[PDB]
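Quick heads-up: it's one chain on its own, the form solved without the named molecule, in structure tokens.
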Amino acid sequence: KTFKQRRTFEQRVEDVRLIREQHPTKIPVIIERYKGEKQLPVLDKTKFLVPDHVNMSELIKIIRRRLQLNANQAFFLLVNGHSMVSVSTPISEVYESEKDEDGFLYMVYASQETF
């Protein structure tokens, strides 16, 4: 069901190595619905190539547009298992500190602050 279930560590690593080669300016991001989530829909895909100059505030807006949310639906984004300290951090900086050993940046969204 989850990304890390579906692919061997060898396969995730090799995919990041291909993203680096073919989309060198993009951050490879895995975005996943909280497995206890009631309200929010699932995304059309799992793997995202985010332009590396956008800040976290702009990534939240991209995903709220991808889910087609209205303006008083709630949305919370965990990075690398934990809350974001700030939405002003550029995703290039967040990638460098929060990336997984496989080389993806892992994110989870839910309708409640409680996951």
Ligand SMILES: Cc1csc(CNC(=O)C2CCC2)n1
Contents of the next structure:
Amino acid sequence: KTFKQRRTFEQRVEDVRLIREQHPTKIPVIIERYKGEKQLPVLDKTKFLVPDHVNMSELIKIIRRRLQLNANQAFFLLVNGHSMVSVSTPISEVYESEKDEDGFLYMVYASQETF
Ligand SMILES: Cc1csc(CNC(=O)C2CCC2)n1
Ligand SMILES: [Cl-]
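Could the form solved in complex with the named molecule be given as well, to go with the form solved without the named molecule?
Once more the chain from above appears, this time first in line as the rest of the complex follows.
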């Protein structure tokens, strides 16, 4: 059902290696709905190439636009299983500290801070 479940560690690693070869300025991001989530829709896809210069505040804006949310729908984004200490950090920096061992950066969204 989830991404890690669909693809072998081997497959996720080789894919990250190809994105490096072909999309060298992009951060390979996995963005998934919380398995409890009722209110927000599922994304049209799972794997995203995020320009390495955008900060987390702008990545939240991007996903809210992708979900076609309105002003007073709530949106919370976990990175590597936990809260973001800051939304102002560039995603290149966030990748280097919060990346998975397979080389993706893993995010999960919900309408409550209680995931
Ligand atoms: C910044 C951002 C968020 S999702 C996105 C598009 N994601 C992709 O799969 C590729 C097409 C070129 C990047 N762009
Ligand atoms: Cl590129």
